[PDB]
Structures are given as structure tokens and as C-alpha cells.
Amino acid sequence: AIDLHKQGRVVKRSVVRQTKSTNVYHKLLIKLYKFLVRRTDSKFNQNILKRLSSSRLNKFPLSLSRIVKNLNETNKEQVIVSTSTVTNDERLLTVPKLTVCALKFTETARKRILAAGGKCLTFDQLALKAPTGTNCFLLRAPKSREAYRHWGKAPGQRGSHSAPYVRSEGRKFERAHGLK
Amino acid sequence: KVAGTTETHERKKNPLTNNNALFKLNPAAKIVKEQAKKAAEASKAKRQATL
Amino acid sequence: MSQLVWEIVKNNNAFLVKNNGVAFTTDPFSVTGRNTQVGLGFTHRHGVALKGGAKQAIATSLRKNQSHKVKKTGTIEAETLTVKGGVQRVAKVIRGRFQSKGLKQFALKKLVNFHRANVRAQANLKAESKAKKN
Amino acid sequence: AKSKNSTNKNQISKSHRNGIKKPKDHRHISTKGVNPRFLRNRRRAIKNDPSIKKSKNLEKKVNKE
Amino acid sequence: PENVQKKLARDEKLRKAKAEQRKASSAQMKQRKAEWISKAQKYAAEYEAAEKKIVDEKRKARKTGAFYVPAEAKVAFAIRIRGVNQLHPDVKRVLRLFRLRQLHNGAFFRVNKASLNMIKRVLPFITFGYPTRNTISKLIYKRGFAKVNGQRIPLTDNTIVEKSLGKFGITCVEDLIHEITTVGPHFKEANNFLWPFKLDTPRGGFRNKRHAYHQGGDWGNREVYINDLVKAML
Amino acid sequence: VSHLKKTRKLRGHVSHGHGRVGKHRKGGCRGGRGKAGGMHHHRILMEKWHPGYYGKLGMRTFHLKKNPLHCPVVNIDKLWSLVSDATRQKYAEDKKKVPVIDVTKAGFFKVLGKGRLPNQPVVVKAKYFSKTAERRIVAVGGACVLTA
RNA sequence: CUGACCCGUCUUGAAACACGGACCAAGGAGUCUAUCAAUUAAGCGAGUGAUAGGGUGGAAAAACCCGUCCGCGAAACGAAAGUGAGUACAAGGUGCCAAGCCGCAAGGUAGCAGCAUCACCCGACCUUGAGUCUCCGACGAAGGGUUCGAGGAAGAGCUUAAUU
RNA sequence: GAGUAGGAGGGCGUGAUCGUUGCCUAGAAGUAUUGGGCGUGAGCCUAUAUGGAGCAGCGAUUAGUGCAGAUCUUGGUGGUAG
Ligand SMILES: [Mg+2]
Ligand SMILES: [Mg+2]
Ligand SMILES: [Mg+2]
Ligand SMILES: [Mg+2]
Ligand SMILES: [Mg+2]
Ligand SMILES: [Mg+2]
Ligand SMILES: [Mg+2]
Ligand SMILES: [Mg+2]
Ligand SMILES: [Mg+2]
Ligand SMILES: [Mg+2]
Ligand SMILES: [Mg+2]
Ligand SMILES: [Mg+2]
Ligand SMILES: [Mg+2]
Ligand SMILES: [Mg+2]
Ligand SMILES: [Mg+2]
Ligand SMILES: [Mg+2]
Ligand SMILES: [Mg+2]
Ligand SMILES: [Mg+2]
Ligand SMILES: [Mg+2]
Ligand SMILES: [Mg+2]
Ligand SMILES: [Mg+2]
Ligand SMILES: [Mg+2]
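Protein chains in written order, with full-length UniProt numbering: chain A, 2 to 181; chain B, 309 to 359; chain C, 1 to 134; chain D, 2 to 66; chain E, 6 to 239; chain F, 2 to 149.
Simulated from the structure, these hints should not be mistaken for lab results. Some hints here could point you the wrong way.
What the hints assert, rightly or not - Within a straight-line C-alpha distance of at most 16 Å, the following computed EDC-like cross-link-like pairs (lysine to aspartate or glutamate) qualify:
| no. | chain 1 | residue 1 | chain 2 | residue 2 |
| --- | --- | --- | --- | --- |
| 1 | B | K320 | E | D16 |
| 2 | F | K111 | F | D86 |
| 3 | A | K112 | F | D78 |
| 4 | D | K61 | D | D50 |
| 5 | B | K309 | A | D42 |
To be verified - Between beta-carbon pairs, the in silico distance windows are:
| no. | chain 1 | residue 1 | chain 2 | residue 2 | range |
| --- | --- | --- | --- | --- | --- |
| 6 | E | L13 | A | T109 | 44 to 52 Å |
| 7 | E | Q36 | A | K51 | 31 to 39 Å |
| 8 | E | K58 | D | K15 | 28 to 36 Å |
| 9 | A | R10 | D | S52 | 51 to 59 Å |
Built from N, CA and C at the ideal position, the CB exists for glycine as well.
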């Protein structure tokens with residue numbers, strides 16, 4: 002008998018989600034990056050693996066405007082890789098020359114990036130280009146969603162700015178003085 | 309990078325009974341052993357006198 | 001391919017038979033009866049089929065890649081050789097087609113066992129024709 | 002009916018169960034309890050300080066003044 | 006074509022690194038085994054040195070009518086006498102800090118207002134004492150185990166002592182024993198290196214576990230006496 | 002469906018994970034049916050997750066007709082995104098005449114400025130404009146035209 | 001030889017002098033419809049998706065094509081009248097901090113997502129105003145808040161299935 | 001390496017549907033077993049006897065899917081008892 006927490010069987014939450022997707026291709030891409038991860042001591046690949054094993058919802062959108070906004074002098078020559086789907090921002094007027102690598106390009110994002118003199122890359126290609134991730138730029142998109150506003154603090158606790166779940170927005174809906 | 313094969317162990321053995329283990333940990337042992345014999349083999353005449 | 005096909009057919013293959021959670025295959029080219037990338041002849045490149053004929057002749061079937069050609073050599077599944085030397089011939093053929101150590105061992109197994117098998121079969125067919133006559 | 006009125010027995014242990022959570026030390030703290038006088042001062046002294054990088058149109062406003 | 010060739014090259018490269026490493030290592034190990042021997046010998050010499058020193062100081066004293074007090078033990082050993090169930094949470098945690106998490110667990114600790122005060126709470130659940138260097142050695146040879154990247158690894162080779170503690174200047178079991186007994190510059194890592202000792206049933210019965218060693222019981226410091234206990238358990 | 006559901010894994014455990022003490026019972030346990038006792042024993046619920054549920058707000062509309070209140074909004078940033086690329090480029094190079102964008106045909110009525118505009122000139126035909134919409138339109142080298 | 005009270009149940013407490021059970025077969029109890037949410041896999045993405053219905057089609061109620069509207073998202077704040085993410089060339093600062101690039105190492109450079117904070121912005125409520133005109137009501141250069149919001153600030157949604 | 005209430009992960013067994021591989025008047029299902037074995041366990045395979053027409057595996061789809069109890073339903077039977 003020993004007094005160890007969780008009996009030394011403590012589960013490790015520090016790990017990479019085992020993905021259940023069914024596109025045979027994700028599983029394969031993943032075989033690839035498992036290789037690159039154990040046999041390459043490059044953080045970049047390990048990173049790619051963690052983020053490609055993401056919850057369907059945990060993959061977040063990259064927009065052309067997002068890329069454009071994050072660009073340094075060196076960011077421009079560098080391969081841009083998002084772990085996610087890349088999409089067009091209709092409100093981006095001129096589109097730079099880009100070599101981008103994502104999982105998925107909205108056909109609009111593709112058309113505009115290509116017709117601007119750009120190149121679209123897939124991770125099997127990226128592997129071949131720079132396994133160490135040399136001169137590569139890994140884009141982590143910003144995280145927004147509606148769910149987030151119902152979370153946080155509860156709706157009507159002191160200083161709660163969180164949103165209530167309501168079936169309609171009207172003067173009559175949870176917009177009237179509560180029972181105070 | 310090239311593939312390494314996994315870590316190796318040797319099941320614990322008890323130095324106190326098993327010599328080779330003692331020696332692999334502390335070769336000085338062998339010396340202190342032999343001395344202990346030779347120093348003990350010190351003759352009975354020498355013992356008597358020293359007493 | 002052998003990778004994509006593995007993932008695709010690993011579970012639903014029509015050559016599949018299970019025993020106590022051990023998956024075996026009916027594949028004619030299986031180098032091991034068991035269902036594994038390697039066991040599965042219709043998937044990867046190395047697979048062999050062997051049939052007896054004309055008293056020593058082994059029909060060797062060399063799993064061959066999917067082919068769009070000018071002439072059709074044999075079944076799309078594979079290539080078909082009649083070998084009259086059989087055992088020795090096929091042993092060579094194997095040595096050529098299976099470079100790695102294990103695959104060699106296995107194919108060869110398929111051979112030894114195959115042959116002695118075909119011998120017994122012969123004996124029995126003999127006794128059978130001599131049974132029909134006498 | 003009869004009941005046990007108030008016992009604090011299991012509650013202490015319950016509280017120590019997952020540890021006592023302590024908040025995060027954040028470099029920058031909220032402004033509650035700080036008077037407006039001082040606050041306006043901060044606002045002004047920040048707006049006018051060049052060694053503090055503002056937004057573009059902001060610097061336009063600051064440099065015009 | 007090219008693939009196979011590049012591999013073959015890999016092979017040659019490999020046999021190469023293997024030879025380089027083989028001879029370099031060999032040299033290194035000759036150096037080592039020598040080191041080990043020199044060290045062990047010298048160390049033992051230093052022990053006997055100090056012990057004798059004590060003897061004679063005592064003698065001059067006795068003759069003067071004056072007395073000579075040897076420096077006070079800087080290393081103690083504690084073994085867990087009592088089970089897990091039904092213990093004040095503080096006590097539990099104090100035990101955890103002393104790294105005795107089960108029954109018949111021995112460990113080494115420094116002697117500090119810090120450490121000594123942290124033992125006030127566990128006194129009735131444990132015996133501590135001042136071990137002889139001999140005892141220490143015996144423990145580390147019979148009960149020796151090492152904490153390796155989390156694993157519990159039998160102390161057999163010295164390669165291990167070099168692996169984790171090598172850079173501190175601990176190459177050998179004997180060295181370990183030395184920083185332990187001296188309590189030198191790195192005690193801490195020398196210790197953590199050492200897996201908590203899982204002991205045996207004492208051959209002598211314990212006396213009374215409800216009682217302090219002072220009452221003929223077992224709980225407390227048996228100052229010098231801890232050794233006897235260790236002897237019974239080894 | 003069915004073989005995924007809890008029941009299957011609950012068969013033989015006797016309480017169906019409803020508890021031995023508190024078992025699965027009728028409305029009394031629900032705390033009364035539906036929105037029952039929201040104001041009483043359910044106070045905490047209502048207050049906490051639907052604060053402002055009970056009460057009245059300002060002005061009754063006896064018959065509310067939405068159709069005439071109908072006013073889709075557009076922002077400056079999406080303007081050029083409405084008309085094709087052909088257009089804005091061809092009049093970037095050509096300064097002879099300037100582009101007319103009818104927000105109307107796109108199904109929008111009021112134009113609000115949100116982002117900023119290319120320096121290339123435009124005319125925008127809309128039902129309403131915001132002070133800033135007009136600001137940025139004019140400053141760009143562009144013009145605002147009122148439609149019905 | 002050693003060990004061995006009757007199960008199910010409610011109970012702090014069941015072998016109980018608590019209740020049900022003489023025996024056996026077959027039957028026998030968290031479903032179905034709708035609703036919102038969280039998570040998981042799918043598709044497409046500033047969009048997404050139809051329904052109704054049209055048009056074809058297997059023997060057949062399938063399937064396959066079309067489907068100007070509609071839903072939901074894309075703008076918010078106001079009871080409301082109403083206004084609308086205010087210097088065209090903007091899309092910030094700071095503290096924590098990941099990749100890439102340097103470096104044997106120590107550390108250096110950079111700063112994606114998130115968290116905290118300060119700043120700006122739209123609207124509610126206050127406060128202030130030269131001047132302008134279709135001058136009696138609107139417009140607006142300049143200048144603000146101890147405050148309010150299920151909001152801006154390089155859009156993250158929409159449809160499908162499943163579980164709770 | 002304890003565990004009621006409770007939760008999670010894997011697995012056993014039953015209909016029917018779309019597939020895939022097959023078995024049966026040279027004897028299917030069902031039934032009895034002090035025949036032989038396989039699983040820690042749901043359960044399984046075989047043998048013999050009976051039986052005399054349908055069955056079975058594997059991947060999915062779906063569920064009126066697993067009973068010792070509810071003074072539970074219907075039916076059949078005991079001891080009391082010649
Ligand atoms: Mg144990
Ligand atoms: Mg409203
Ligand atoms: Mg707590
Ligand atoms: Mg005793
Ligand atoms: Mg006691
Ligand atoms: Mg479940
Ligand atoms: Mg349970
Ligand atoms: Mg008995
Ligand atoms: Mg009974
Ligand atoms: Mg009684
Ligand atoms: Mg009752
Ligand atoms: Mg239809
Ligand atoms: Mg809407
Ligand atoms: Mg910022
Ligand atoms: Mg049925
Ligand atoms: Mg018959
Ligand atoms: Mg089965
Ligand atoms: Mg018969
Ligand atoms: Mg099934
Ligand atoms: Mg039944
Ligand atoms: Mg029954
Ligand atoms: Mg009767």
C-alpha cells in the first residue's frame with residue numbers, strides 16, 4: 002500500500018490527441034508526421050503533428066487578410082503553412098505573391114493566391130521542401146466563435162458580460178428587469 | 309537522425325554475496341580482499357609478539 | 001498505394017476470415033495466410049500463386065502491377081508463368097522477386113509445403129484413375 | 002422530523018481535495034478602486050508620451066498638437 | 006540505384022562510428038577503472054583517518070579529565086514503521102517530503118532545523134537514526150536502485166552514476182557513498198538519484214510500535230541504534 | 002443509434018444510473034413541470050442563467066409590419082467586392098469616367114463605412130449613407146448618390 | 001482439513017424478531033417525436049442549406065438534375081424617434097509566450113494562438129460646439145465622461161449524423 | 001491494482017436490412033449430455049444422441065436486443081397429503 006496520487010497511474014494530459022477522422026489521407030499525412038516527429042528533432046514538425054491531430058473544431062480558419070496582416074520582410078519569401086483550412090477574405094483588394102501550405106484551400110483563396118502569381122502547397126510537398134522547417138512560417142489562426150460568449154462566467158452573475166441562451170432577441174426576452 | 313535501440317538493464321544482484329558484482333562496482337574490493345588474506349596470513353609468531 | 005489500399009481494405013477485404021481475433025486471408029498470392037499488409041498479396045507488390053500441372057509443372061503467378069499496355073500479358077491481377085522445373089525454378093524466381101529475408105523465408109515455405117502437397121495430390125489422383133479403371 | 006442542523010465536517014477535506022486554487026499574478030491589473038483624477042492623468046501622460054508607441058492616426062493627432 | 010547506394014554508405018559510416026566509439030570508449034574506461042580504484046582506496050583511507058582521529062582526541066581528553074565532543078551527525082536515515090490509513094493530512098505530506106510513501110521505506114535526509122523540525126510530526130510513524138558509513142554502503146549495494154528518467158533501475162553498472170550524476174563528479178558507487186557520508190557539495194542530487202529504499206521484514210521483531218524507542222518502543226531516533234535495525238532488515 | 006445508447010450498457014445495474022436513494026420519478030422531482038416555480042425554488046436558475054426573464058419592457062406594437070422596416074446594411078470594405086475586378090482595375094488605369102456601384106441591385110439599402118477604400122474613385126447608389134460612409138467615399142475620390 | 005448466515009431492497013445500521021420471493025417456462029420496464037446546447041466525424045466557407053415544388057427515372061415511394069424566394073450567418077446599440085464600428089492611405093501598446101533563423105553551450109533574434117492589462121472605435125446615458133444651410137429643425141470643425149451594451153478593431157459560419 | 005451512488009474504455013450474445021464468404025435429405029434449426037476442449041468473463045467450438053428443413057461467418061445498417069426478483073403477466077407444477 003502506497004499513498005501516491007492516482008496511484009502512479011496518473012493520466013498524462015500533456016500528450017497528442019489520437020485522432021479519429023476517417024479520411025484515409027489524414028491518417029496517412031499523420032503517419033508521415035509521426036515519422037518526422039520521432040526521427041526529426043525539429044520542433045516545427047512536432048508542432049504540425051499536435052495541430053493536425055486537432056479536434057475538427059479546433060482547426061481554425063486562415064484568411065488571406067490574416068496572412069497579409071502578419072507579414073515581415075522575411076515572412077514574405079518564407080513558405081506560409083497553416084495547420085487548417087485557408088479561405089479568401091473578400092475585402093482584401095490586392096493579393097500578394099504567396100507560397101502557402103495548408104490542409105485545404107477554399108477554391109476562392111486558391112484562385113486568388115494562384116492568379117496573383119502564387120503557389121499552393123500540400124504537406125507531402127512541404128515535407129520534401131523543408132523537413133526541419135527551415136525558412137518556413139507556421140500560421141496559427143485567431144480563435145473566435147459564438148460558443149465562447151456563453152462560456153466564461155455565468156449570465157447574470159455580478160460583472161457577467163456572458164450571453165444568455167435565448168430563443169429570440171426582443172424587448173420581451175430576458176431584457177426586462179429581473180426579480181432583484 | 310538514425311534510430312537508436314532501447315534502454316538496457318541488469319537485474320539487481322547482491323554484491324555482499326556475489327563478488328564479481330562488488331568488483332564491477334568497486335575493483336578496490338579485490339585488492340582489499342587479497343590484502344585481507346595476506347595481512348591475516350601474518351604469522352602466528354608475529355601475533356604472539358604483537359600481543 | 002499499398003498504404004492507401006491497406007487503410008482501405010484492411011478491415012473489409014473479401015478474402016478475409018477471422019479466428020479468435022486473428023485475421024487470416026484467402027488471397028491466392030498471400031505470402032502468409034494471415035491478413036497483414038505483408039500477408040495481403042492483392043495489395044502490395046510481392047505475391048505468388050502456385051498451381052500443379054502436367055506432372056512437375058508449377059504455375060507461378062507473380063503479383064504484377066496494374067497495367068495499361070499494348071498487349072495483355074495475363075490477368076490484370078498478375079503474371080502467369082508455366083515452370084517445368086518447378087521447385088528449383090520457382091525457388092529461383094522467388095529469390096529474384098523477394099529480396100528481403102523474411103519474404104524469402106515465407107515464399108519458400110509456401111514452396112516446400114506446396115510441393116510435398118502436390119506430390120501427395122499426385123499419388124491420390126493416380127490411385128483415383130486406377131480406381132476408375134480397375 | 003429531526004435533522005442535523007449545521008455540521009462543517011467533510012467540507013474542509015472537500016476543499017483541500019483538488020488543492021486551494023490561487024489566482025494568476027498578472028503584470029497589469031484592473032483599474033477598480035483607483036480614483037479618476039489619477040486615471041485622467043495616466044490617460045493624458047500616455048497620450049503625450051512619444052516613447053510610448055501609439056497607433057498611426059493617433060500619432061497623427063498627437064503630432065498635430 | 007541511388008537509394009541502395011546511399012544506404013550502403015550509411016552502413017560504412019556506421020561501422021566507422023562503431024570503431025571510433027569502441028576505441029575511444031575503451032580508452033576512457035581504462036582511465037575510469039583506474040580512477041575508481043584510486044578513489045575507493047583514498048576514500049577508505051580518509052574514513053579510517055577520521056575514525057582514528059576521534060579515537061585519539063577522546064584519549065587526550067580522557068587523560069585531561071576534559072572531554073571531546075565529536076561533530077554531530079549530518080546524515081540520518083528514516084524507515085516507515087506505520088501503515089497508510091488514518092493519518093492527519095499534514096503528517097501524510099511530511100512523510101511524502103521525506104519520500105517514505107509506504108511501510109518499510111528507508112531514506113537518507115540531511116540534518117537541519119528544517120529537516121529535523123519536519124520530523125516532529127511523523128515521530129510516532131517512523132524511526133530515524135545516525136547510520137555508519139558501513140551501513141550506508143551496505144544499503145547501497147544490497148538495496149541500491151536509481152531514479153532514471155522516472156524509471157526504477159537496479160544499481161549494477163557505474164555507467165548509470167555517470168549518466169545522471171557524472172557531471173557533478175560522481176562516477177562511482179563509492180563516490181555516491183562518499184558525498185552521502187561526508188554530505189558534500191551535492192548531497193541533494195546524490196540522494197534523489199537513490200530510489201527510496203524498499204526494505205525487508207526485520208529479523209528481530211520490532212519491540213512495541215505504540216511506544217517510543219525510549220520506552221522500549223520503536224518510534225523516534227535510535228541515535229546510533231538505527232544500524233542494528235537496518236542490519237535486521239537487510 | 003440504439004446500440005450506442007446508455008441503456009445497453011446499463012442493463013442489470015438496477016438503478017439505471019438514476020441513483021438508489023433518489024430514483025427516477027415523476028414531475029415532483031422535476032421541481033414541477035416546465036417553467037414551474039421559476040420565481041420560487043427555481044429562483045436561482047432563472048436569476049442566474051436567464052436574468053431579466055420576468056418583467057416588462059417599453060412599448061407595445063399592436064400590429065408590427067416588418068416589410069417596411071426592411072433595411073439590409075452594407076459596409077465600405079465589401080463595396081468593390083460587389084462589382085467585378087474588371088471594373089475597379091480598368092478604372093484605376095482609366096480616369097476618363099468613374100464607376101457607379103448600385104448597392105440596390107445587391108439587395109442592400111444603407112451604406113455604412115467600415116473599412117477604408119482604394120484611392121480609385123467611385124460612385125455609389127444607395128438608399129441611405131452614414132456620416133463616415135460619405136466621408137470615406139468622398140475622400141477616396143468618389144461620390145454618393147441617393148436612390149429610392 | 002481450513003474457511004462459509006438468505007438473497008433482492010430501504011436504511012447510519014439486514015442473517016435479522018424489517019418487507020417481496022413454494023417451483024418452472026414464455027412475457028416483462030428509459031422508448032418515440034420535438035427543442036436548445038456541448039462534443040465527435042463530414043461537406044463547403046463569407047457564405048451555407050434546403051423545404052415546398054418542377055423535371056427526369058428503376059416493375060417499384062429510390063436515384064439523378066433544376067429550384068429568382070426562404071432560413072441561419074454577414075452589425076451593433078436603443079423602450080423608441082434614431083444612429084452605426086469617425087482623420088481615405090487604419091487595422092495599436094505592454095506583460096506571459098511557440099516556430100524559423102544565430103549559437104557547441106550560455107544565451108541572442110523574432111513574435112503566430114491564448115490569458116491579463118491600457119488604449120482607441122459604434123450605439124445607450126450624460127457633456128460640449130465655431131460655423132453651415134431648404135434655419136425654429138437639422139447639419140458639424142474642436143473637445144469630453146465616475147457610467148451602460150448578449151458590440152468594432154483584417155469576419156466563422158452554414159448543412160449532415162451520433163452521443164450526453 | 002479497495003469501492004456503493006455514479007462516470008468512462010473495451011468486449012460477449014440476440015433478431016432484421018445492404019453487402020461479402022459459405023453450409024445443408026451424403027441431414028439445417030431446435031433439443032439432452034458423467035464425451036473433448038477454448039476464453040478471467042459475458043460466452044465459444046467440437047463429439048454423441050434426437051431431430052427432419054432450413055442455416056451460418058465477416059463488414060456495415062437498424063433495434064420491440066439479454067430478467068431471479070416488481071404481493072409483476074399468462075400457463076404448467078410441486079410439498080402439505082392418501
Ligand atoms: Mg498493492
Ligand atoms: Mg432590439
Ligand atoms: Mg477545491
Ligand atoms: Mg510483538
Ligand atoms: Mg492508535
Ligand atoms: Mg455511451
Ligand atoms: Mg454502475
Ligand atoms: Mg468447517
Ligand atoms: Mg437461498
Ligand atoms: Mg432482533
Ligand atoms: Mg415497505
Ligand atoms: Mg425533395
Ligand atoms: Mg440576421
Ligand atoms: Mg495587441
Ligand atoms: Mg423482431
Ligand atoms: Mg438417411
Ligand atoms: Mg462468433
Ligand atoms: Mg437418424
Ligand atoms: Mg454486428
Ligand atoms: Mg425471458
Ligand atoms: Mg422467470
Ligand atoms: Mg397443490
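Comparing the hints with the structure gives:
no. : hint                       : result
1   : B:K320 - E:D16             : 35 Å, violated
2   : F:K111 - F:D86             : 23 Å, violated
3   : A:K112 - F:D78             : 20 Å, violated
4   : D:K61 - D:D50              : 13 Å, holds
5   : B:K309 - A:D42             : 8 Å, holds
6   : E:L13 - A:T109: 44 to 52 Å : 50 Å, holds
7   : E:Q36 - A:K51: 31 to 39 Å  : 44 Å, violated
8   : E:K58 - D:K15: 28 to 36 Å  : 58 Å, violated
9   : A:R10 - D:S52: 51 to 59 Å  : 55 Å, holds
Hints 1, 2, 3, 7, 8, counting from the list given before, are not met by this structure.
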